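Each chain, written out:
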Amino acid sequence: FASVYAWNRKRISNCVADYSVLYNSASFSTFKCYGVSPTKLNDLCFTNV
Amino acid sequence: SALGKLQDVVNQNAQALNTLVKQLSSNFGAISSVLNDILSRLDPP
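Note that the protein sequences, when read in sequence, are chains B and C. Going by PDB author numbering, the first residue of the first sequence is number 347, and it counts up by one from there. If you use PDB author numbering, the second sequence corresponds to residues 939, 944 to 987, in order.
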């Protein structure tokens with residue numbers, strides 16, 4: 347994991363994104379979405395990640 | 939083979959209906975202008 351002033355960016359594309367293996371996973375300390383609701387992410391489609 | 947006093951009424955009314963139609967695409971300070979894109983990616987609260 348890089349540091350805060352040289353953070354690393356990975357672009358995600360060309361795949362189904364299952365946040366179901368992430369949202370029903372109780373292993374993170376903060377999961378804060380802005381502009382979306384973390385329970386409706388499997389009904390949308392996105393251009394990039 | 944003149945009628946501008948009648949064409950003025952037609953034009954003013956069409957010009958008002960066009961503005962009413964076109965105001966349906968302003969956000970008024972929301973995230974989207976279309977209601978279904980607020981309903982689809984947001985929850986009731």
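Take the hints with a grain of salt, since some may be wrong.
[To be verified] Here are a few chain B residues that face chain C, going by a calculated C-beta distance under 7 Å:
{"id": "1", "residue": "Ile358"}
{"id": "2", "residue": "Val382"}
{"id": "3", "residue": "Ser383"}
{"id": "4", "residue": "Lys386"}
[To be verified] Calculated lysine to any residue pairs in the SDA-like style (CA-CA distance at most 25 Å, straight line):
{"id": "5", "chain 1": "B", "residue 1": "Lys386", "chain 2": "B", "residue 2": "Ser366"}
{"id": "6", "chain 1": "B", "residue 1": "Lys378", "chain 2": "C", "residue 2": "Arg983"}
{"id": "7", "chain 1": "B", "residue 1": "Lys378", "chain 2": "B", "residue 2": "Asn394"}
{"id": "8", "chain 1": "B", "residue 1": "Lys386", "chain 2": "C", "residue 2": "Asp985"}
{"id": "9", "chain 1": "B", "residue 1": "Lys378", "chain 2": "C", "residue 2": "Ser975"}
{"id": "10", "chain 1": "B", "residue 1": "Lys386", "chain 2": "B", "residue 2": "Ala348"}
{"id": "11", "chain 1": "C", "residue 1": "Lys964", "chain 2": "C", "residue 2": "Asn978"}
{"id": "12", "chain 1": "B", "residue 1": "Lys386", "chain 2": "C", "residue 2": "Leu981"}
{"id": "13", "chain 1": "B", "residue 1": "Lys378", "chain 2": "C", "residue 2": "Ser974"}
{"id": "14", "chain 1": "B", "residue 1": "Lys356", "chain 2": "B", "residue 2": "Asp389"}
{"id": "15", "chain 1": "C", "residue 1": "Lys964", "chain 2": "C", "residue 2": "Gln954"}
{"id": "16", "chain 1": "B", "residue 1": "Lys356", "chain 2": "C", "residue 2": "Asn978"}
{"id": "17", "chain 1": "B", "residue 1": "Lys386", "chain 2": "C", "residue 2": "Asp979"}
{"id": "18", "chain 1": "B", "residue 1": "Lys386", "chain 2": "B", "residue 2": "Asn360"}
{"id": "19", "chain 1": "B", "residue 1": "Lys356", "chain 2": "C", "residue 2": "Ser939"}
{"id": "20", "chain 1": "B", "residue 1": "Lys378", "chain 2": "C", "residue 2": "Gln954"}
{"id": "21", "chain 1": "B", "residue 1": "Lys378", "chain 2": "C", "residue 2": "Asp985"}
{"id": "22", "chain 1": "B", "residue 1": "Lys386", "chain 2": "C", "residue 2": "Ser939"}
{"id": "23", "chain 1": "B", "residue 1": "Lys386", "chain 2": "C", "residue 2": "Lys964"}
{"id": "24", "chain 1": "C", "residue 1": "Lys964", "chain 2": "C", "residue 2": "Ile980"}
{"id": "25", "chain 1": "B", "residue 1": "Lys386", "chain 2": "C", "residue 2": "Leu977"}
{"id": "26", "chain 1": "B", "residue 1": "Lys386", "chain 2": "C", "residue 2": "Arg983"}
{"id": "27", "chain 1": "B", "residue 1": "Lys356", "chain 2": "C", "residue 2": "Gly971"}
{"id": "28", "chain 1": "C", "residue 1": "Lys964", "chain 2": "C", "residue 2": "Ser974"}
{"id": "29", "chain 1": "B", "residue 1": "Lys356", "chain 2": "B", "residue 2": "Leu368"}
{"id": "30", "chain 1": "B", "residue 1": "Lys378", "chain 2": "C", "residue 2": "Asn978"}
{"id": "31", "chain 1": "B", "residue 1": "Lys386", "chain 2": "B", "residue 2": "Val350"}
{"id": "32", "chain 1": "B", "residue 1": "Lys386", "chain 2": "C", "residue 2": "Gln954"}
{"id": "33", "chain 1": "B", "residue 1": "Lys386", "chain 2": "C", "residue 2": "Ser974"}
{"id": "34", "chain 1": "B", "residue 1": "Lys386", "chain 2": "C", "residue 2": "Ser982"}
{"id": "35", "chain 1": "B", "residue 1": "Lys378", "chain 2": "C", "residue 2": "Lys964"}
{"id": "36", "chain 1": "B", "residue 1": "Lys356", "chain 2": "C", "residue 2": "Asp985"}
{"id": "37", "chain 1": "B", "residue 1": "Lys386", "chain 2": "C", "residue 2": "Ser975"}
{"id": "38", "chain 1": "B", "residue 1": "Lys378", "chain 2": "C", "residue 2": "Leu977"}
It should be emphasised that the hints constitute simulated quantities derived from the structure, not laboratory data. Think of the CB as a built atom: it goes at the ideal place given N, C-alpha and C, for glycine as much as any other residue.
The hints, checked one at a time:
1. The beta carbon of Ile358(B) is not positioned within 7 Å of any beta carbon in chain C (closest approach about 18 Å), and the interface hint is therefore violated.
2. Hint on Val382(B) holds. Least Cβ distance to chain C is approximately 5 Å, under the 7 Å limit.
3. Annotation: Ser383(B) was flagged as interfacial toward chain C, and the flag holds, the nearest CB pair being 4 Å apart, inside 7 Å.
4. With 7 Å as the threshold, the beta carbon of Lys386(B) comes within range of chain C, its nearest partner Cβ sitting at about 6 Å, so the hint holds.
5. For the hint linking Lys386(B) to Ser366(B), the alpha-carbon distance of about 10 Å falls within 25 Å, and the restraint holds.
6. The straight-line distance between the Cα atoms of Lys378(B) and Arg983(C) is roughly 14 Å, inside the 25 Å bound, and the hint therefore holds.
7. Straight-line distance between C-alpha atoms of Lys378(B) and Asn394(B) comes to about 19 Å, which keeps the hinted pair within the 25 Å bound.
8. Of the supplied pair hints, the one linking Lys386(B) and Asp985(C) holds, its CA atoms being roughly 8 Å apart against a limit of 25 Å.
9. Between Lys378(B) and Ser975(C), the direct Cα distance comes to roughly 24 Å. Compliance with the 25 Å bound is thereby established for this hinted pair.
10. Our distance criterion of 25 Å between C-alpha atoms is broken by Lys386(B) and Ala348(B), whose separation comes to about 30 Å.
11. Simply put, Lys964(C) and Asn978(C) have alpha-carbon atoms about 18 Å apart, close enough for the 25 Å limit, and the pair holds.
12. As the CA atoms of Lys386(B) and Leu981(C) are separated by approximately 10 Å, the hinted pair is consistent with the 25 Å bound.
13. At roughly 20 Å between alpha-carbon atoms, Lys378(B) and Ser974(C) fall within 25 Å of each other, so this suggested pair holds.
14. A distance of roughly 23 Å separates the Cα atoms of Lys356(B) and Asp389(B); the hinted pair therefore holds under the 25 Å criterion.
15. Straight-line distance between C-alpha atoms of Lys964(C) and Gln954(C) comes to about 16 Å, which keeps the hinted pair within the 25 Å bound.
16. Note on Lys356(B) and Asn978(C): the hinted pairing is violated, with a Cα-Cα distance of about 30 Å set against a maximum of 25 Å.
17. About 12 Å separates the Cα atoms of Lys386(B) and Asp979(C), which keeps this hinted pair within 25 Å; it holds.
18. This hinted pair checks out: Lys386(B) and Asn360(B) have alpha carbons roughly 19 Å apart, not beyond 25 Å.
19. Our distance criterion of 25 Å between C-alpha atoms is broken by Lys356(B) and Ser939(C), whose separation comes to about 72 Å.
20. Taken as a hint, the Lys378(B) and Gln954(C) pair is broken in the structure, with Cα atoms around 50 Å apart against an allowance of 25 Å.
21. Taking the CA atoms of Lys378(B) and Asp985(C), the gap is about 14 Å. The hint holds against a cut of 25 Å.
22. Of the supplied pair hints, the one linking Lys386(B) and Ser939(C) is violated, its CA atoms being roughly 65 Å apart against a limit of 25 Å.
23. For the given pair, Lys386(B) sits about 30 Å from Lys964(C) by alpha-carbon distance, which is inconsistent with the 25 Å threshold.
24. Distance hint between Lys964(C) and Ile980(C) is fulfilled; the C-alpha atoms sit about 19 Å from each other, no more than 25 Å.
25. Simply put, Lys386(B) and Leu977(C) have alpha-carbon atoms about 16 Å apart, close enough for the 25 Å limit, and the pair holds.
26. Distance check on the hinted pair: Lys386(B) and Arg983(C) sit about 6 Å apart at the alpha-carbon level, within 25 Å; holds.
27. Taken as a hint, the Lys356(B) and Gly971(C) pair is broken in the structure, with Cα atoms around 32 Å apart against an allowance of 25 Å.
28. Pair hint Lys964(C) plus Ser974(C) holds up; C-alpha atoms about 15 Å apart against a cutoff of 25 Å.
29. Taking the CA atoms of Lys356(B) and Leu368(B), the gap is about 18 Å. The hint holds against a cut of 25 Å.
30. Of the pairs offered as hints, the one joining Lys378(B) and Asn978(C) holds, with about 22 Å between alpha carbons and a cut-off of 25 Å not exceeded.
31. Of the pairs offered as hints, the one joining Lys386(B) and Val350(B) is violated, with about 30 Å between alpha carbons and a cut-off of 25 Å exceeded.
32. This hinted pair does not check out: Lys386(B) and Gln954(C) have alpha carbons roughly 45 Å apart, beyond 25 Å.
33. Of the supplied pair hints, the one linking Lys386(B) and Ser974(C) holds, its CA atoms being roughly 17 Å apart against a limit of 25 Å.
34. Between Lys386(B) and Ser982(C) the alpha-carbon distance is near 7 Å, which keeps this suggested pair within the 25 Å criterion.
35. A C-alpha spacing of about 35 Å is found between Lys378(B) and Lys964(C), which places the hinted pair above 25 Å, so the restraint is violated.
36. As the CA atoms of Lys356(B) and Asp985(C) are separated by approximately 29 Å, the hinted pair breaks the 25 Å bound.
37. Taken as a hint, the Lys386(B) and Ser975(C) pair is honoured in the structure, with Cα atoms around 19 Å apart against an allowance of 25 Å.
38. Between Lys378(B) and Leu977(C) the alpha-carbon distance is near 23 Å, which keeps this suggested pair within the 25 Å criterion.
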